[PDB]
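Visitor: What follows is each chain in one-letter form.
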Amino acid sequence: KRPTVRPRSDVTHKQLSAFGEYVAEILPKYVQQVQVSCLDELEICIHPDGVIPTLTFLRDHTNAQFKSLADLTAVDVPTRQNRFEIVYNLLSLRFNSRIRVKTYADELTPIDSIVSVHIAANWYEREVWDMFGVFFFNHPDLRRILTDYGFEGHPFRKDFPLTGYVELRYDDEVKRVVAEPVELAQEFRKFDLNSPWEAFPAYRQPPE
Amino acid sequence: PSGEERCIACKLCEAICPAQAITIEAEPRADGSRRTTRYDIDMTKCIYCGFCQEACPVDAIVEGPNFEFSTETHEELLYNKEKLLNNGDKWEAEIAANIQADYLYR
Amino acid sequence: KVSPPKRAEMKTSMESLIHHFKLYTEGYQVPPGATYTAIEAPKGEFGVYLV
Amino acid sequence: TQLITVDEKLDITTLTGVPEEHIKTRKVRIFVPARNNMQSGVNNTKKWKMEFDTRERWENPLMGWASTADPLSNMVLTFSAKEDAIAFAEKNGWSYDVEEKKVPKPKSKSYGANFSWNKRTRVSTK
Amino acid sequence: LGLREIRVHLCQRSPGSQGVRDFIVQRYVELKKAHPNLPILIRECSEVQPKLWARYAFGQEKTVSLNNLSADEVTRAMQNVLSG
Amino acid sequence: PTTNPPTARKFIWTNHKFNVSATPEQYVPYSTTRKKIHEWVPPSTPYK
Amino acid sequence: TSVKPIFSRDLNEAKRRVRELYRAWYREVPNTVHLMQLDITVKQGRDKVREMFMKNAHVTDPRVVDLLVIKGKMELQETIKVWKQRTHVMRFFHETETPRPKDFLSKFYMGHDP
Amino acid sequence: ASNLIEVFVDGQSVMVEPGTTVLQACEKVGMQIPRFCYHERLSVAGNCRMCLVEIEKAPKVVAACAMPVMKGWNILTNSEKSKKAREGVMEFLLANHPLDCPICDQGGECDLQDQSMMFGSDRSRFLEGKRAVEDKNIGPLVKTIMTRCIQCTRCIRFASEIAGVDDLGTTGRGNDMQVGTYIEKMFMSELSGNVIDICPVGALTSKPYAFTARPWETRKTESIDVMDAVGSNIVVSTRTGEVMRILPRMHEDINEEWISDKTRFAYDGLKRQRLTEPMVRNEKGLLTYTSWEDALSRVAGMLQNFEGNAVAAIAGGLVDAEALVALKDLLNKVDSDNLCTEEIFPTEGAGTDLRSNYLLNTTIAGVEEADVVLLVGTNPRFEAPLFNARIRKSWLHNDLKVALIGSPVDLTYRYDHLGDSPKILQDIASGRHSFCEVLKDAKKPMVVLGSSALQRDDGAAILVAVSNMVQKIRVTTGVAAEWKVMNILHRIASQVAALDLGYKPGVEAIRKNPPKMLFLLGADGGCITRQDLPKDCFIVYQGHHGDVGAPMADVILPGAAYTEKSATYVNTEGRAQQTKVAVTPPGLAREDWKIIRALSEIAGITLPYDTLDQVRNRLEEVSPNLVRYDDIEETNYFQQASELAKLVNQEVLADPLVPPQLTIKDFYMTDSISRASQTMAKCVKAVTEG
Amino acid sequence: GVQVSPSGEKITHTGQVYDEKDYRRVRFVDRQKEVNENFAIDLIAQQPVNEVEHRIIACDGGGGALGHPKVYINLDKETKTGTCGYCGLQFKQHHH
Ligand code: SF4
Ligand code: SF4
Ligand code: SF4
Ligand code: SF4
Ligand code: FES
Ligand SMILES: [K+]
Ligand SMILES: [Zn+2]
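Chains as they are written, first to last, in the entry's author numbering: chain C, 7 to 214; chain 9, 73 to 178; chain D, 329 to 379; chain Q, 8 to 133; chain S, 13 to 96; chain q, 98 to 145; chain W, 17 to 130; chain 3, 5 to 694; chain 7, 1 to 96.
Source of the hints: derived by calculation from the structure; they are not laboratory data. Note that CB positions come from ideal geometry on N, CA and C, so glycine has one too. Errors might be hidden in some of the hints.
So these bits of chain D aren't anywhere near chain C, every CB distance computed over 10 Å [claimed, not checked]:
no., residue
1, 333
2, 369
3, 371
Not the full set, but computed from the structure, chain Q residues with beta-carbon under 10 Å of chain 9 [to be verified]:
no., residue
4, 69
5, 70
6, 71
7, 72
Okay, chain C solo, but in the shape it has when bound:
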């Protein structure tokens, strides 16, 4: 009706809520939270011990058939004890659906790799380790995949600086490409682009 607002269908929300209840009652040992967004996306937040059973159940169950892992990633929220939120987006071609599975980790608690469930998880978990430092148990070959050889630090972390700590240049005395502490001719000018007025009253957190 309204030309500027997205149309909303409630049938997808009902179906995803029913399937979330289904998965939650099937796996109460690991499922910690089930939510359906207003964008009609199902998220299941599980304990890190249940990554392998949850992913295996979602891939091999007759009513799930999430045989395709869309992607695997991490989100660094450095204000909780377990700062890395590991996100698995999965696609079911049989039922034309998508699901999201979340779990948590910190810098010193590795989680189980799901290479035995999906083979794309090999390179995806290599990227997660390279960019966040989240180790993965039982990985066939875990190593860096995008950073330079000998790169120190995991650059997608929040506390890692945007420009990094070292920069490369060709030194003619040693006839090599060498790493120096980073100096910028012009510093990256950060901007404070946050309005002091609340934009969304639906997301107003209660005062502390």
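The hints should help you fit chains 9, D, Q, S, q, W, 3 and 7 with the ligands onto chain C, whose structure is shown.
Guide: What follows is chains 9, D, Q, S, q, W, 3 and 7 with the ligands alone, placed relative to chain C:
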């Protein structure tokens, strides 16, 4: 058309520049006008996206149609206000015609 | 409040000028949430997980 | 069989990859940022911020730009709680200064005080 | 050798500084009468140990911890600092 | 621009210049701002 | 104060893994110097390996020690299979980088950085 | 729930005190109602109508800034009526608001723009022509473009209630109502840049800051002001390593929301007359630039040449505690005790031994809590503008009774002028005064003695007379022991920290024993010169501005400024605060304690600290309140100090108490940064001629 | 107009010129420091004051949507022309 600079040092182009390729410093002029004292565009940093020319409220900064301006040193692509004003004076006969042909779409 | 107004409207209207200023300096505020949007790219499924 | 005991400080500085200078010589500040006095909006005073001490910015000889040498100059981290920021700073091995949140004091407001019979709060104009 | 400065660090509300507080309120005035040229800096804080600092000629400093000392022994420590 | 000449402005260059790179007429960048911090000038007369 | 281990229950087998990694690096240094045409000697490479281990020698958390061993094994594999180049190997020596002096007078003369 | 009423914001219960407005209840719940004319420290106006909200089961929206909640009200802050009201009011403002956003200094700092984006519509229906208003010329500090004004009367209420000048107002009627002055009048008081702060639109902008930067450009550094001894918390806005602006910071116990004009606009003096390189005298006698090694070598050689009493140091006003303790340690290691300050405090009696003897013991919240205030020998309006602003706030709200001994100066409130002679202190101590019967009627008196009054020759006599008077007041009124009556108001930022560290106040020791080597730690007051110094005196000036102390120095050492160093300053209350680094010192200038420590290492007596935290540890082990930041820990022993003061046997003079700052022209230039500021020079020229 | 330093270097419209002892003139040695010849302050000083009849005038810089945002200038002060804050054109009210 009077010859006064269109730029009013509002830094909208600097704010919207996705590559942070624009550096602007400003102060009131001798007649009290709000004008820039530094307008630098690092063309080695610029991504040629037109966000500056579509964020400029007075059509001061534009991407004129010159593309054959390759240089032999890295420094010559670090434009300042004198270079940009000279480019505006050089290409005004074409930029004004392009804006005349284009401005009804934007 | 999301898309910039036309340039004539910006140069003739106060609300349009304010919105042009804020969209091209701060940008629109996106309400908090996460999504995975997948699009049939020519090379396959191109996905964006936006938080 | 899957639970051990660690009675230590939870130090991950050897794993973060930060050079030793930018750990030992750095000071961080944990604070709720003050409300910008040009505005009356208070939505930027809700979250704790951790920033670093300001280092040298000099003038570029070629162009006059603000050249810098420290990488942690634009690094600002957002935390929901002061103790969370404390935990992150101690975990990453940075010395910190903590400023307590300046909540504005509750104030007794009365519109009728502008028209007082005897008190000095009576205004002379509107 | 040669006393230059006395500093007394104490607490306003602490049992360990009670003798120091008593010493100040019943003996500091006549002490200042006795030595009206010597800086006896009384500094009080919330979470400091009761302390005495004696600064001498070339920057030397002797530190005496007088936590949980009563008024008479704080007086005796002060006299030991003043004499030598 | 013979049947439709462009608009004439007094600030438009009357003589077009080609690419002047690697010539003495080339463009050299510089900071266009003045000095911001002014140093104290000591007096030229001795105190004693 | 009770956490989940990664590989080592306590510091002893963590130090055992550290000794195994040091053994592997010590054996691999001469092969690296022979294979990549390095100006350094075998003594300098083993000294650099010992310097890196002693740089990390102050940690007492078994999980951190295990992750350090994992990272060291990753770098060891990057040196065994020739993925690190001559530049990547020589980046450990910082021979083009002048060192900042550690004394107050030199830091005062150089600049404002402490 | 005694004396509390339960109200609801969007159905959520909250208990509020009676008289709480709808806006205050909503901000207690946690939501900020839009506003333009309401300010938490101004009176309620209620004219901008942006705060209109819907109360449930009520047909008419109410103004939340003025309407108090009654009982059980459900405040629907996000209902359709509230949203429509906000959209309508925003449309009415932007109908006549001028399209000036690119050329307006309120670029990203605009309440009108932000509240438009958050609550107004996205387009305009206004098809008519806009109004335009001629600009005013109220002064060279505040630039007026009154076409942008939304007639919210915030500036009028501020100038009436806090500045206390009654010079602004509205002339006209209807759509032609214009804010300003009817006559061509220069609106120049102290605390006059706060109208630039509180004007929500860019109608009242800053003329020194004009067109310079944008708020998204500016980095914010939270620091402390050192232009006086109030210690106002400020934000230094720096862009690309250059100080761009000074804004206040919200600190309820010191400066609330405002700063003085000197604090706000004297920052441009940090860009002129700056010492950038170390300098030494030639063989001709002229100062020439040299290296740090050479300059410190010369100073160290002369220092190890000279012995204890021959070496002395004098501290100025803009000096941090770290440099003060470093210089004290250096002179103590060469066995020198002549560590003096330019400002004079009486050493007779207790002196600086008891910390309550030289502090604002009641503090600024105690000014808010007091009922009678007796100001002796001070002009607080210019010596401590935020302290006087707090006095005026208490005078407005708590009906404070203010009396003044000293010359009659305009304090922007009505007081009782008891006279200017210091013998009135003896009269009040004897108990024969109309103010004596006022005081015995009073309950929580406060007696504030000025450091400017202590600067006189009979400063000790004045201090002991005031102490005797305060003792008589305490024994005749029966006040509680928790209430502090005696207070000393300082005008020097470094003075309280120096007295805590143990500096002997005043240069009387220098005059008694003229030193052969002299350190001037930012000393630019000219209290000691080469006329009363010996002929072959070696002078080293360590400072940031070359004003009075640099030209008379043999060696010049460029130090940092308060915007350039992380430093410790103690205000009049005894509260210690630290400034953070906003920019770096220009040229070869260094941090002051680092300069002193490097000099000590070259001289061969190395101080036991190398980093700033170690210097703070030294500060703690000297007097451990310079590390208790933002702490207001109480002092005692006024009885002991008063007994010693009673045994002091000096006599007051017949000269009337005349403060040095009688007018705002005397206010605008007090220290080296103010004297180097061009903006302050323009202010002086305006209040003198224009 | 373009003026030269005692060093002979052209002074820009921002007033920028290197000092005699400034080493950064070596970037102009064997090259040229290019300065925009048309000074906008002088060019806008050359414009005649527009004599209008109304108390409030509207300026958009000319060309409609090709100019600057449309603002209104109040010509009440008879001792000073009203200057457009964007384009610098001056207007004066004709009281005859
Ligand atoms: S076109 Fe270039 S200068 Fe303009 S906004 Fe895009 S990147 Fe920046
Ligand atoms: S070029 Fe345009 S967008 Fe950039 S500062 Fe100037 S007026 Fe603003
Ligand atoms: S006050 Fe605000 S809305 Fe008005 S011109 Fe300035 S930025 Fe725009
Ligand atoms: S000038 Fe500013 S503060 Fe004063 S009434 Fe107008 S909008 Fe309000
Ligand atoms: S905020 Fe209440 S009417 Fe203005
Ligand atoms: K304003
Ligand atoms: Zn115009």
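Visitor: Quick check for students: does the CB of residue 333 (chain D) sit more than 10 Å from each CB in chain C?
Guide: At roughly 14 Å from the nearest Cβ of chain C, residue 333 (chain D) sits farther out than 10 Å, so the non-interface label holds.
Visitor: Is the interface hint satisfied for residue 70 (chain Q)? The criterion is a beta-carbon contact with chain 9 at less than 10 Å.
Guide: holds, 6 Å
Visitor: Using 10 Å as the Cβ threshold, decide whether residue 71 (chain Q) counts as touching chain 9.
Guide: holds, 7 Å
Visitor: Is residue 369 (chain D) truly not at the interface, in the sense that its beta carbon sits beyond 10 Å from all beta carbons of chain C?
Guide: Residue 369 (chain D) clear of chain C: closest Cβ-Cβ about 13 Å, beyond 10 Å.
Visitor: Confirm or reject: residue 371 (chain D) is not an interface residue toward chain C, with every Cβ-Cβ distance exceeding 10 Å.
Guide: holds, 15 Å
Visitor: Given residue 72 (chain Q) as an interface hint, is the shortest Cβ-Cβ distance to chain 9 below 10 Å?
Guide: holds, 6 Å
Visitor: At a threshold of 10 Å, is the proposed contact between residue 69 (chain Q) and chain 9 supported by beta-carbon distances?
Guide: holds, 7 Å
Of the hints listed earlier, there is not a single one the structure fails to meet.
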